[PDB]
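Visitor: The chain contents come next:
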Amino acid sequence: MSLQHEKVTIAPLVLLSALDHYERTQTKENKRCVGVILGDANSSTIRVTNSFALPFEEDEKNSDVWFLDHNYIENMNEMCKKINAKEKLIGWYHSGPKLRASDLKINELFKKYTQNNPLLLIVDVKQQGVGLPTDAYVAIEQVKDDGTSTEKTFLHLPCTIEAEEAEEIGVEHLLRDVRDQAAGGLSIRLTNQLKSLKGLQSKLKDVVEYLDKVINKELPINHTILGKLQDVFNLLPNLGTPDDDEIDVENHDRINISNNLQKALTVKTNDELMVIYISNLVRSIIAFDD
Amino acid sequence: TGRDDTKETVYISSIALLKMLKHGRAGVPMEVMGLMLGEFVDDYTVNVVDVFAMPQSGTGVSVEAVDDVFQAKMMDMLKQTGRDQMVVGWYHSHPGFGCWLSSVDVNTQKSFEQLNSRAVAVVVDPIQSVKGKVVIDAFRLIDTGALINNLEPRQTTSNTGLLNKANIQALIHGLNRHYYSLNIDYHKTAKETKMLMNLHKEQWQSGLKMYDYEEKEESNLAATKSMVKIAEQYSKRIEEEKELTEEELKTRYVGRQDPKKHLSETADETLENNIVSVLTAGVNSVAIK
Amino acid sequence: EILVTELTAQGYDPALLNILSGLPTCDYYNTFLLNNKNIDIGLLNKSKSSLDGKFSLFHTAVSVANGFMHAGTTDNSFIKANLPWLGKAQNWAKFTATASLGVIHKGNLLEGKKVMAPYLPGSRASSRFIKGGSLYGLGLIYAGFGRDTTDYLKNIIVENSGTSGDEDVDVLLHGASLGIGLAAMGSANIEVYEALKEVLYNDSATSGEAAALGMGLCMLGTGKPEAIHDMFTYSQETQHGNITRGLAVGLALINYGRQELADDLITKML
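Protein chains in written order, with the entry's author numbering: chain U, 1 to 290; chain V, 18 to 306; chain N, 271 to 540.
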């Protein structure tokens, strides 16, 4: 098993396919579609190219009770080679809104067939998230230095996408939106600028109330989270630094370029002002002549 | 009366489209193929819900390179997952050539037409789908005898359609002598839209994230110099621009590309670029501390 | 329709109540058209030569075109000019030619059944198209005048609304549903609304769209909230695009003259 990971890259196909398979098992209300996840690994970047359904039953009475049809998984993999002989198990997807604690026991079963720690890719079917509608975890077993026993736990990794160029234009072809969450002109990136700041608000809210929850409702004092929080402050500026004074000098510089650029545009349009007057001036004569 | 055949439009679900592209480009230039699972409802809608790939061969497409043994196992895999419906045809990918059926492919198609008459052949060009257009065209065999009787007009009855011919040359030979091509529409849901349009996790990490300010100074330097050269060129032009006949001035005093226009494009890009960048600096500096 | 019932009880002569029907008034229009219609029969030939009849799209343009040109009085010139040419066509090109007779013979109430008589279901069986396209052409003939015609078209629909339907049946049932729409236009027949609702619920290929149009015509202007919602919903229910288009615009017919009482549906449709 690879115990080295960094990122998860996801093909667009994977997400869409799990939503299709979800409605065709007709799953909802704690019955959640679970299929196998196919792709490349032994790589720090988990590259997920495809996904398929397995025959799976989820009991809603107990989620620690589940059905997985193990025999099917071997047969399906032989047909995966027929398509392309470089797709293997690298985990399993969940279709639910969020992480279950029965998902740790499920993850055990796919270890048997993987040369990499098994991936949990939550494909939402309500399409939440302010980035991608996918969350990503990989199960890691580690000692915890907080005085608590060895856990197997799902630790978060970033989500990214790797899309084939051939496929990507199909996304553009399908999509008739002119894009307001991706770069464009000034106004488009002006939305992108406000959108990012409003994203920071939402993310900043959740930390504050997690900290409240720890010392009154008694959620674990998790040192690893709070350590990254200490580094947020140390990497945070302080007023009266000559670096943040240099920002003032650097503001002057780019604004002045805008100031001259603005003048340049004003000149050019005043050439067209005079042109049109010369066009009206000739067309007085033509009218008068008729 | 007999049976009348009429227009259809092949609706390639968003899922189906990505799979054909993925499987087809990856296997190019060796020919790729696979079956189309879907359903026919209506009399104007072929709805392809999913496709899969059948194993490649270095004999490419053949009537005996279809392989039903593999089809049967695959069908039972969808049956256990509750996804089987009806195989609505076959697709195959020509490598860098156009969409047209080969003579061999006509006989591959003749087999599936027996099994279901509404079966299509969907010819894919993957090395041409890296434009801003995806090139995919669809065919469906029509009886040779019917073509003699002038029953190609029959296939466009009861709408004006979006009728257009995207490709001729081998295509219009095969249409004439075999098939009726179909236009292609795409189906997708409102869920699937949101999945497709989303392509970054850095959506909220792109107006707080910024580029190095040395790179910005280099950029302002580059931009201002470029427009300085274009201005000298413009100045040479606008020593006249006052004689009869616009076209004579454009040749003589170069208004070849119009240095007015050229300066406008360049001005406007760097001007817009700087307003975002200043705005990013000022947001972070004031808000964070 | 409400006005005549009142005038009877105020006490009036039956001459007046004949006018208010409009059947006399249509005939006065018939006469005017009978006498003065100036039509180029040679133009019809030059177009006939250029636009082939076995070429189906080409055949339609002509049938429609000549049908408009000779529209108003029963003219059998089109039939005789193009006598072999019509039979060359089939599929919807032959459907149009039959129903184009009702464009030419539009109005002509007295002779309304009579002239369309050889193309009627149960006196024609050669094609499914002719059988359906007469019912539609019979509907144009009584368009705005079909108070009697409503029952006669409805018999065929209710007979065919128990079927799951064949593609043989669909072509007959389609023209019935367009025809009865015109016949019952703005007469507020809930009988017709019910009858065509069961046709839409068959899920038939051409007929579901044709039924959807027909309800909107009959129930023009009423703004019935049952009809508005049921049809709005059915677009998701249906899986045929034709059927989906037919419902959307049939709601248009229903919200005629209802301006901002109809604001609410528009907002939802968009």
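Careful: at least some of the hints might be erroneous.
Below are the DSSO-like pairs computed for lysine-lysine, each with C-alpha atoms no more than 30 Å apart in a straight line [what the hints assert, rightly or not]:
#, chain 1, residue 1, chain 2, residue 2
1, U, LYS195, V, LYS24
2, V, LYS242, V, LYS218
3, U, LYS82, V, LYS90
4, U, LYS31, V, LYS96
5, U, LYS263, V, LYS242
6, U, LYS198, V, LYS211
7, V, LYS127, U, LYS195
8, U, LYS105, U, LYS228
9, V, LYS96, U, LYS203
10, N, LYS384, N, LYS358
By construction, these hints were calculated from the structure, which means they are not laboratory data.
Visitor: Need the status of pair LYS195/U, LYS24/V: alpha-carbon distance at most 30 Å?
Guide: 46 Å, violated
Visitor: Holds or violated: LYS127/V with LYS195/U, Cα cutoff 30 Å?
Guide: Not OK: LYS127/V and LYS195/U at ~55 Å, beyond 30 Å, violated.
Visitor: Take the C-alpha atoms of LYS198/U and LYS211/V, compute the straight-line distance between them, and say whether it is at most 30 Å.
Guide: 20 Å, holds
Visitor: So if I understand the rule, the pair passes when the alpha-carbon distance is 30 Å or less; does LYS105/U with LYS228/U pass?
Guide: Roughly 29 Å separates the two Cα atoms, so the pair holds.
Visitor: Is the hinted pair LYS82/U and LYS90/V satisfied, with a Cα-Cα distance of at most 30 Å?
Guide: 12 Å, holds
Visitor: Within 30 Å, alpha carbon to alpha carbon, are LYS384/N and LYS358/N?
Guide: 25 Å, holds
Visitor: For the pair supplied as a hint, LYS263/U and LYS242/V, confirm whether the alpha-carbon distance does not exceed 30 Å.
Guide: Between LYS263/U and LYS242/V the Cα gap is close to 16 Å, so the pair holds against 30 Å.
Visitor: Regarding the pair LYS242/V and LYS218/V, is the alpha-carbon distance no greater than 30 Å?
Guide: 36 Å, violated
Visitor: Does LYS203/U sit within 30 Å of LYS96/V, going by the straight-line distance between their CA atoms?
Guide: 43 Å, violated
Visitor: Would the hint linking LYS31/U and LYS96/V be met if the CA-CA limit is 30 Å?
Guide: 19 Å, holds
Hints 1, 2, 7 and 9 from the earlier list are contradicted by this structure; the remaining hints agree with it.
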